[PDB]
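A.B. asks: Let the sequences and hints guide you as you build the complete structure.
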Amino acid sequence: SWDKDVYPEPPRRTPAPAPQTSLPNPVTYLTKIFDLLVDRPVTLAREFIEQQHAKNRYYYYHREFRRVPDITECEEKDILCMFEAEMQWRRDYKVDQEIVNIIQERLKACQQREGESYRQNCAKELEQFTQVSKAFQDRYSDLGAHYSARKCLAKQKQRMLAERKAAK
Amino acid sequence: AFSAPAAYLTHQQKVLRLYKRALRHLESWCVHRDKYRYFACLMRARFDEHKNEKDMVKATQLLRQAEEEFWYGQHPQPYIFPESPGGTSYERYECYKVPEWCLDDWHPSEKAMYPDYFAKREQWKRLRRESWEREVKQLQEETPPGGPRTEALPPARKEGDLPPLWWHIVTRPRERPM
Amino acid sequence: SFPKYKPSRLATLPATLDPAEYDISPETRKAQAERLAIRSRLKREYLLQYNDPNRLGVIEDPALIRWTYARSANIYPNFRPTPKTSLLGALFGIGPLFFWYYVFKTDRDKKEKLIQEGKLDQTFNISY
Amino acid sequence: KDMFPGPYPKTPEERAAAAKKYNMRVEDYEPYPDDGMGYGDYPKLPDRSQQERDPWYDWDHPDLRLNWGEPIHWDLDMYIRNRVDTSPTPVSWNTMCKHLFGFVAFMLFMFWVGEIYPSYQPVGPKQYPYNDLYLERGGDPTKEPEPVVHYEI
Amino acid sequence: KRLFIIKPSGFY
Amino acid sequence: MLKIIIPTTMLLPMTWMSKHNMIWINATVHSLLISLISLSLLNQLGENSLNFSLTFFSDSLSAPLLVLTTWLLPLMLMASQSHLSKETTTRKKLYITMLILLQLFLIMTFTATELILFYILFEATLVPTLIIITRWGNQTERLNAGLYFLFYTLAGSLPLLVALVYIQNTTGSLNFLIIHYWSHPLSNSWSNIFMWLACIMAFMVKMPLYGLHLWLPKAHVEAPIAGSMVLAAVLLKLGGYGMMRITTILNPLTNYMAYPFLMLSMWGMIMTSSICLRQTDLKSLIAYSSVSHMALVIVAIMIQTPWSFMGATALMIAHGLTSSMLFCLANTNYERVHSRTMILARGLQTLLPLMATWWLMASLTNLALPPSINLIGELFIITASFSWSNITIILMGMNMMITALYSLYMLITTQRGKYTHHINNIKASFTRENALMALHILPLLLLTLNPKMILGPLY
Amino acid sequence: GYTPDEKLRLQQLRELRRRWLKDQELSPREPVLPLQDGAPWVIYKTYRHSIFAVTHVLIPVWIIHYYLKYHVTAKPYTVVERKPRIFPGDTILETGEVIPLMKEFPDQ
Amino acid sequence: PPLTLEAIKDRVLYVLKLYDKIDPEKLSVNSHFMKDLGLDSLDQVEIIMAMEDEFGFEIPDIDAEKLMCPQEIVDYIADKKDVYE
Amino acid sequence: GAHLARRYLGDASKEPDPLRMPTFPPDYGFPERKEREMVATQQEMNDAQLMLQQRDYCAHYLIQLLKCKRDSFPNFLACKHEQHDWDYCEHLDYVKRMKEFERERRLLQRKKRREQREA
Amino acid sequence: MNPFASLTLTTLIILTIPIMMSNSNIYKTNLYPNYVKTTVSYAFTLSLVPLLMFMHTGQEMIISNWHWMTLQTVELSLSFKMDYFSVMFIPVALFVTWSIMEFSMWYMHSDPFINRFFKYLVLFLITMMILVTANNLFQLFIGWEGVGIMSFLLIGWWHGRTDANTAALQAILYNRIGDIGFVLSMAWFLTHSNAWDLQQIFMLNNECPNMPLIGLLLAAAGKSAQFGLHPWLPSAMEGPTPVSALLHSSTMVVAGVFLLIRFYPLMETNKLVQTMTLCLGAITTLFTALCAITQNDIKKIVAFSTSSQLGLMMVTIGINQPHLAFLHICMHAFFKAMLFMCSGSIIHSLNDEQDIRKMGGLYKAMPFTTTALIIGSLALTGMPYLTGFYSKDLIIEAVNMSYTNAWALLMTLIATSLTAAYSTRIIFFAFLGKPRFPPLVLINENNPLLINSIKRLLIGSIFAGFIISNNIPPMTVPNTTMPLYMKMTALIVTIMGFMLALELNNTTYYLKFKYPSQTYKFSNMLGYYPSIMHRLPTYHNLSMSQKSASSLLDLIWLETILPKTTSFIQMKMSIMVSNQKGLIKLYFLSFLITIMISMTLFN
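Protein sequences, first through last, are from chains d, p, o, c, a, q, b, X, t and l.
Counting from 4, one number per residue, gives the positions in the first sequence under PDB author numbering.
Counting from 44, one number per residue, gives the positions in the second sequence under PDB author numbering.
Counting from 2, one number per residue, gives the positions in the third sequence under PDB author numbering.
Counting from 34, one number per residue, gives the positions in the fourth sequence under PDB author numbering.
Counting from 52, one number per residue, gives the positions in the fifth sequence under PDB author numbering.
Counting from 1, one number per residue, gives the positions in the sixth sequence under PDB author numbering.
All letters in the seventh sequence, in the order written, are residues 3 to 36, 51 to 57, 60 to 126 by PDB author numbering.
Counting from 72, one number per residue, gives the positions in the eighth sequence under PDB author numbering.
Counting from 2, one number per residue, gives the positions in the ninth sequence under PDB author numbering.
Counting from 1, one number per residue, gives the positions in the tenth sequence under PDB author numbering.
It is possible that part of the hints are untrue.
Simulated crosslink set (DSSO-like; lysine-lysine; CA at most 27 Å straight-line) [said to hold, decoys possible]:
hint : chain 1 : residue 1 : chain 2 : residue 2
1    : q       : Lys427    : l       : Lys28
2    : p       : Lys140    : a       : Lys52
3    : X       : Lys106    : b       : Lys24
4    : p       : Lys97     : X       : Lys151
5    : l       : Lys434    : l       : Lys514
6    : t       : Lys100    : t       : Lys112
No wet-lab data here; the hints were simulated from the structure.
C.D. replies: What follows is the structure, given as structure tokens:
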């Protein structure tokens, strides 16, 4: 049920069977035996369980957090606003970690899927992960074990001052 | 079963031990039986040559030189009997050996499984318990005033007396307990 | 004249090749007999307790108690700050710490210098 | 209790008492040198591994090759049969060290010589299509590669 | 010629 | 947190008013139920801590330690039953009361929201531990060990009290939440340097640091089994918990000041693991291994990186379990043969087979066989240090090798070889001892399946 | 050689040791405490074989295939297969085809 | 391989009979090599070595020197191999 | 191994250097040289998932061999002729590389001959 | 494709069922070993299916069934890499384990804890399967350490033997020294590539640096008993012969070579690491073959042969020919396992006798074992069209036809000659000649388990190389054309070694005695590496521990510094304060002094 856009997979191109020999193919008969002995019972069991699940269907919801004022707009020593903003920053930290995870999963799946042509046919995913890794490292790397919204803000300010100096 | 050692090894015993070591190492070098027999007869002749030397100083010097020759000529990997010290099977069954006192701690149900054996074990326990006092008395009597000057232990002097300090030797775990 | 066997600390001299085993005197034989006497007395005491049908428990060996005490308790009471003890203690206690400080500090300072000069590769180093 | 190890013996009477305590002959008993290292009264027994002791003798403790009441070497745990062994070797220790280290050094030196003169076959470099597989080997597709051309011999 | 096997109590 | 605290307090009246026969049974049952209650704390919101009240809060760091303490109490009672059987009813009740007071103090220390209250409860643990060691120890050296433990810890702690009062005066609050949220950076001045030293040194003493670890061997060797269990599993971990908590205040100076303690811990881990190789007493060997692992934890805390902190938490929990189990396994042999000399009892695998398997599993966990939580923590710490300096791998790998060597040397010497002939008092292992070993081992192996529980807040 | 005391002692120990060894011999009775399974002739020929086959291979295969149903659908990228090699041949989905130039000189 | 006492005696007498220096006819279980037969010490060493090779177990030198009789060899082998019949 | 003998024991300048090869330009000598022709298309090699080392001028025979092997299975002895074709192509390429080595040898000797001509 | 994953996972899961049933009553019953063997055989039969699917269509897969834990940007999950290496090695290892267990049933029948032996063997197989089928470095580490621990347990199967415990500790020590490199590689990959999965590691590390590859090489040297860490494998023969044949002969030792093969894409980039691997392989081959030449224990000889073959595989890796290295692993499994089983049969027949000098004239006494050993030795020595010919002959030809360190190539050829030499040694001393074993003759090879177990491996040795080589897809460009002498170099060297070994062995018959040469001492003493290396470092480390860390610092100097000195100062001050004089005249003067000093100092 996973979204294809979030988890892209290249279209599957499977060569058609083109036997050139009289000898029976063992894999075909073994696979038919597997289908009959295993796949059919498994499919029937899953059919029964899915019927049971459909009999009592209940839903769970994905929580939505409204955006709250950031640390930049929080006054000094304003522990309420600082607490709200820091919790928001931590949630965003987790979300960015998950984003990096998704891109890395794309990377590994591409490495496996392409095969011996991984170096060339996986370039786009590698570029995506390179961009994401650079962004993530700049935003969150080196903050330390006691990472806080204030420290990330200070790092961003340091980076911006360095950029202004580069502007000269 | 090992006999009590002596304070020193006599010159004859040292020569005999050198002879045995030389023959075994030669057999290690001489893998085939025929070559071993030929060179072993040679070694026996070598010992016989100075078998009857009268001067003890000369014989001692000969033994020393022979030991030096042995150390130079020892086989780097001498054959070791499988169960001998240094052998492949030395102490292999040690873990399987279990002391007799362990059976006393068996649960009564376990001892029930082997009734006749435990009856016989009770008989042996009675024998040891009766014999201990007489064994201590005999050891005290035979012991010299200064103290025991050798590890040897006296045999049973009179009928109805077990050899002193006999329990562990008699009841030692079987060589192949399984 | 086969080459002689140079004994070492991890290669003890074989008794067969012991220069003293072939120069024996009356006193040496007497000493050997006395040593056997000591061993025989100790073995007699041990075997008497070991074959006692009433004994139940360990046969406390004083030698083991002495070994443990000497290796743990007796050390400091019989220690005196001496030139050898003091110098060896200094070297083997504080010497390694300063060596490892030098090593790690130099490495870390180099790394920090490279980072400052933007001349270090952390393209995918996003998990510290 | 007097049985416990004590200070370094200085008077001859203290040496005799220490020898009696450790169940040793007075002549045999030699204390560790009194250098403040904590050995104190404990005997300085010969540095022989438990392997060296006669296997055939019926020791009080067979595995350790030790006897009840015998003075225990200060480094017995180091010298147990599992741990270091000092038994005499067929060849001299110095000869073994020289031979082994020489073999290792010669092997490494010959490897260096081989690196200096590495074996190969009388063949030219392998030729690969499409500019040495520049695209296949990860080269930038947009940036046109410097052309590599292989001609028929 | 079965021989009794001396082993520790396994009941517990 | 009162859901746990109040029942623990009620444990005391139950123990005192219980019948002479039923003291151990009631204490064990209700302590186990309390531990079951503590499992609710493991459910931790990722972003924020569980702020139950002004006084008490729990996070992903405190929760595992609280669960560990609540679990440890029943195991301690089970282990201590045997040697206190001869003791009179009043003394047995007093011993149980000391254990219960220790649990109460540890829980309040872990859940306390104010550094001064944390200090009061963290120092308060000395009294029950000191009483246990010096009243129910079996050796004449129990008193000297108690003096060393008490004075090492107090000499470390008191400057911490002064520093905390000074912080209260300057910042205005010692509540951890406010301190974390405000947390102004420190400056590199001699006064701030000494404040950093005062804050760190008490926890550095509690977590045996090389040069300040002398109390640990004496106390663990000379203490009763329960006291050794608490000291290894929980009391050492108080230092790690405090150091992880306290490090927020000392942000910048930690880089400059870490090097002495970092070097001391890194070299001391090798030194103590080597010490374990040549130890002649089983308890002392276990204690030195504890010292080495806590040195690893100290390195993790000083580096101050998220992976290092996760490894530190995981290692704290895993080591507490493994060291407690090892102490109990040694205590069984001590009770049977009444000596702590390793050589004296040999070949115990033939005599006591299942205890041999318990020893094998404990030693494997000690040497960090994966996927043990011990290995998870050690590996995370090792990776964090590798980031800190690639050269760190040499010492850490050497320590891993030495740890494997000494653990398997203990296993081989105690449980392998020919049985000591003269010893005749070895008797079939009781269900109680095997149950204690299983209660130690099973939670440790199970925790591998879900390791996020012991990976700490930074997870 | 043996001293007379040594010979006498060793012979007495021999007698006692042999008596102990004979005592260690088990009697004809080794009482075993006395049917949870009521299958007295279980076809040793095939019933055990088919039961083992089902229990060890058939049940685990069913369980693992059901777990494949669970894990593949629940999580993307859980199972990733190397893209099948495509030679100048037809493809099932799009029925495409191509040939490899074939300009190659045939003789060899 | 029960290795009964009679088998041990038979094999020891086998080895001794195949020994040229010993004349087979006068060889007996109680024929002391030193006294009844004419074997010297080195012959004692050789015979002990032959026995240990025949049975595959090494007799320690201290015990080996004291055998001085075939029946002694048989009983010592029985003790080492735990032969009770 | 004799070429190594000439290279090391004899004059190094005369013998070609394997890493340096080919120093002389293709244009020198050889008045007209045709470009080596690769029958296999790049997309075909990528689709067949040929190893980069195996993506050589003889790749077409390898593609044919892989397809024959896939189709013939179960029979694994039915591709001997295609295997021979690919092996022969590899043999031709190896011979070409040897010819390159010989060309370098002779060219270096000619260069030395020019230097001799100066003196 | 759908059946592939299910069958591949079921093959591993089925093995665990006997471990789970160890808790049940079957463990108590005699049926447990047969149940474990049957489980292994069924697992092999199932494993054949995925192998056939791969042979048909190269259906490689990666299965991440369970998500263990996500650590910030790093996800650790249980992932199995069912690629060519795993899909092929699983059947080979399962077949070898099946034969070895059938043989063990006969060999270990007397052993009281036979059920424990079989359970430990199944556990080792499970750990090795984890090692082979791993897509994460952490899961591979789980398999690595599990194999090490199972080797420790099985090698010291007889806890009574002090030698066995020493061998187990030695194996653990060397393998842990290797594992230092494994930890280094894991840390480097996590820190730089931010992943422990092989796929991302390959993707990101286009040009792998040196440090992680050197750490992997150290781990491979530790597991495969390369020079410097080689002693553990020969000492491992202290364990029961089935344990040696299964783990320390054919399956466990190959792990390091398998570790390097798994990282072959990274290995290609770095030239220095390839050269180091080649040199280490050459050193191992030459040294181990030379040591084996003069060894008088059959198990020792076979173990040194295994070490030399591992060195040859490492050389193949150094030549940048990994798939050939994997093929050699596969074939060595068969023939070396069969050889060790034959040695076990000889040992059992001759009442636990392992010295070749005491074994002779067994060619007719044991016909089937003699046939199995002859076939195995021929395959090991590269007899054409046997299992060895398909792997070793190609390995040698590739080594010749490539840019290579000259001494490495020379050493490899000499090593092949020495392999022929020691095969001749075993055959000549044991099977040929006149019987030298003790009089009572108990030779009886007529056991169905022994005969069938050796039969399966004999058929595998004879025919497997052809089948595997033909079926596997071509993975290297062949060395088509080469000089005739280059092509025949392997046969020429092997035959020369055969001739020289046979000539020297015949000279033993001659009634001439010469005192041992120094070279013979060097070979027989294993190069003196054990004697000096197992004593000098151990003595120094333990003595340093006790003398310095335990006493000089912990018990003396630290105590003197912090506690003792402070207590002494306090005691002296207490003696000063409590002067115990109590005289009014004395301390009232102090009051006067105090008053004057106060008036001056504080105004």
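A.B. asks: All hints, please: hold or fail.
C.D. replies: Verification of the hints:
Between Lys427 (chain q) and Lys28 (chain l) the alpha-carbon distance is near 23 Å, which keeps this suggested pair within the 27 Å criterion. For the hint pairing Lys140 (chain p) with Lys52 (chain a), the CA-to-CA distance comes to about 19 Å; that is within 27 Å, so the pair holds. Taking the CA atoms of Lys106 (chain X) and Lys24 (chain b), the gap is near 35 Å; set against the 27 Å cutoff, the hint is violated. Our distance criterion of 27 Å between C-alpha atoms is broken by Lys97 (chain p) and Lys151 (chain X), whose separation comes to about 39 Å.
At most 27 Å may separate the alpha-carbon atoms for a hinted pair to count; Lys434 (chain l) and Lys514 (chain l) meet this at roughly 23 Å. For the proposed pair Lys100 (chain t) and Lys112 (chain t), the alpha carbon gap of about 18 Å is at most 27 Å, so the pair holds.
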